[PDB]
Amino acid sequence: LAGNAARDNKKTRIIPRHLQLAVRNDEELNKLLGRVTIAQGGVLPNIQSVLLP
Amino acid sequence: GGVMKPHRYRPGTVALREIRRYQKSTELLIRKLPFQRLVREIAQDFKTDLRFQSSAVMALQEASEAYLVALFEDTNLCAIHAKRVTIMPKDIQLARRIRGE
Amino acid sequence: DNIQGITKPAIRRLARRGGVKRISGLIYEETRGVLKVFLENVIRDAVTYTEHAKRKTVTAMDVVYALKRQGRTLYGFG
Amino acid sequence: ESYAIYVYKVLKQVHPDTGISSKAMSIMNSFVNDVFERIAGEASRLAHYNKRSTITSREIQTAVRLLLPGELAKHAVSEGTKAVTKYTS
Amino acid sequence: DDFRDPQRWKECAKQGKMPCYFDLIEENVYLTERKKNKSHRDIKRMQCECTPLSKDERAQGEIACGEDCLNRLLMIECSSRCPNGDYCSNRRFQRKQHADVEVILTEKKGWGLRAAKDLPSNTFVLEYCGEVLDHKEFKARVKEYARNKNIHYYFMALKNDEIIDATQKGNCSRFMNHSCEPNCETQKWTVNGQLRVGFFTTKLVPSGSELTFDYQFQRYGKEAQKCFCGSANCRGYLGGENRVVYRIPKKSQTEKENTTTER
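Read top to bottom, the protein sequences are chains A, B, C, D and E. Using my numbering, read the first sequence as starting at -11 and increasing by one per residue. Using my numbering, read the second sequence as starting at 48 and increasing by one per residue. Using my numbering, read the third sequence as starting at 2 and increasing by one per residue. Using my numbering, read the fourth sequence as starting at 1296 and increasing by one per residue. Using my numbering, read the fifth sequence as starting at 34 and increasing by one per residue.
If we strip away everything but chain A, and leave its shape as in the complex, we get:
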């Protein structure tokens, strides 16, 4: 999943952001790693629909 995330951004080296995206963009891995914080990982881009004009 990390490699798939990396290829999706035209990169050849897996970075912690890619691990974050791969883990959080999966149904079961997120459940498995719900209480784990990844350094230099960031969050998922999302905006609530009641804030966009």
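I should point out that these hints are in silico values taken from the structure, not numbers from a laboratory. Ideal Cβ placement from N, Cα and C applies to all residues, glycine included. Treat the hints with caution; some may be incorrect.
Cβ-Cβ distance ranges computed for the label pairs, FRET-style [to be verified]:
1. E:42 <-> A:-1: 50 to 58 Å
2. B:72 <-> D:1345: 30 to 38 Å
3. D:1307 <-> E:170: 57 to 65 Å
4. E:69 <-> C:49: 41 to 49 Å
5. D:1368 <-> E:113: 19 to 27 Å
Restricting the straight-line Cα-Cα distance to at most 25 Å, the calculated cross-link-like pairs of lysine-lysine (DSS-like) are [unchecked claim]:
6. E:202 <-> E:141
7. E:71 <-> E:176
8. B:79 <-> C:55
9. B:52 <-> E:221
10. B:52 <-> E:71
11. A:-1 <-> E:71
12. E:182 <-> E:289
13. E:221 <-> E:50
14. B:79 <-> E:71
15. D:1304 <-> A:-1
16. A:-1 <-> D:1307
17. C:69 <-> B:94
18. C:9 <-> B:71
19. E:141 <-> E:172
20. B:52 <-> E:142
21. E:202 <-> B:52
22. E:176 <-> E:192
23. E:259 <-> B:52
24. B:71 <-> A:19
25. E:142 <-> E:202
26. C:37 <-> B:94
27. C:9 <-> B:79
28. C:9 <-> A:19
29. A:-2 <-> E:71
30. B:52 <-> E:182
31. B:71 <-> E:221
32. E:284 <-> B:52
33. E:129 <-> B:52
34. B:71 <-> E:284
35. E:255 <-> E:77
36. B:137 <-> A:-1
37. E:47 <-> C:9
38. D:1304 <-> B:79
39. B:52 <-> E:172
40. B:52 <-> E:236
Go by the hints and put chains B, C, D and E onto chain A.
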């Protein structure tokens, strides 16, 4: 004859732009030296004349930033449920209460 | 008063990362208090671990164990 | 010592022409350590509840079934069974 | 009426029928540009989140990157790395998709533009292009130019330190006038990391109707100027009110005519 300025951004537009800008990136958002000073100050209350590792402080900063980010994420949901755009301390208190803090 | 070092725009930045559009004027102090409490707990545990280890320096592994004890596992500083 | 070289050997089998940073390597090291600790502790509990001296492949399988989600757990059990079968055959 | 031709012609200054006294301009130019910006360190790419089909157009075909794109709502045009590629509609400053404009005389206040055909709201019209000044040159060139007795000053403040001059070189957007009933307005779009100013409509402008935009009022000197629109509440004055010896007798009109006819 004068120099007319074009226009002014509608409010919230640049706020959303910043939201995207800071959600795309992954960096430290807190001033490091102030953070180190704060950690040292609050540690002085448990053992005088301590010494720290750089990584030991980086880990603290990471955990704190993540904790605050999660807290704000829940608080925004709370505010929205309150049918408000602005975020209020009462929302933070409700988030902490329901979460169990 | 080093708690004031956690600047108002810094808190705005954290909120922006969280996905907050408009911030009230009292959010900053409340966040200062919350962060103070959280850091106090974690640091207390870390210094406890250190003093048990007889060390004077506070290792990062101690911070990791403390965060685990709180229930927030951290990957990267192992 | 760590699992770095083993992670590489795994990485090259699922993505030949790619790399991985040291920070990612450490993160994976932590993940391997964490999963190992979880499974081992669960197996140790299970072996205690039945008052048995030995942790067996059955114990590890019980722990895995308890710990992982379903679709993941099923594939995990299949892989482990295949491995333990090949170990003797 | 526009008739853009490269040969200079015999029209002095009004630029109503012969646009080749000054020079036109493409996308603006800079003078002291340095590599100190947010261009390619954090705004490397801001890709919209879209999952299109792009195989069904002209029949059950929705236009790509409409008013539901993450970038259009935030006034950002897509890059070449858009998933829609060459079918994304955000890149309007790069494909030079413009509106039908024409410059003729409407009022003695000056030259302007009138709409050729119908034009809906939120429609791009023209981009403001000119010459980008810097910190030191503005306050010297302005006082060097105020003594030249000119009526129109084509200065627009892009940022707190950037003012764009559209005098020496200007596109078709330099003729638009001011009114207290604006139907068009200006927007600050971000393209390729660089900030650009565009003109958008706000309503259903009929064919043959005026297209002006509201000035953010400003004055620069001791003198004042006044508008001649007077729609319903015209503020009257451009820039508002707030600010931010022997004589050589001149020959009589009769003698001027006589001296003109004797040559």
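Note to self: So, against the hints stated earlier in the document, which numbers end up violated here?
What the structure shows: Going through the list in order, the structure violates hints 2, 5, 7, 8, 13, 19, 28, 32, 34, 35, 36, 37, 38 and respects the others.
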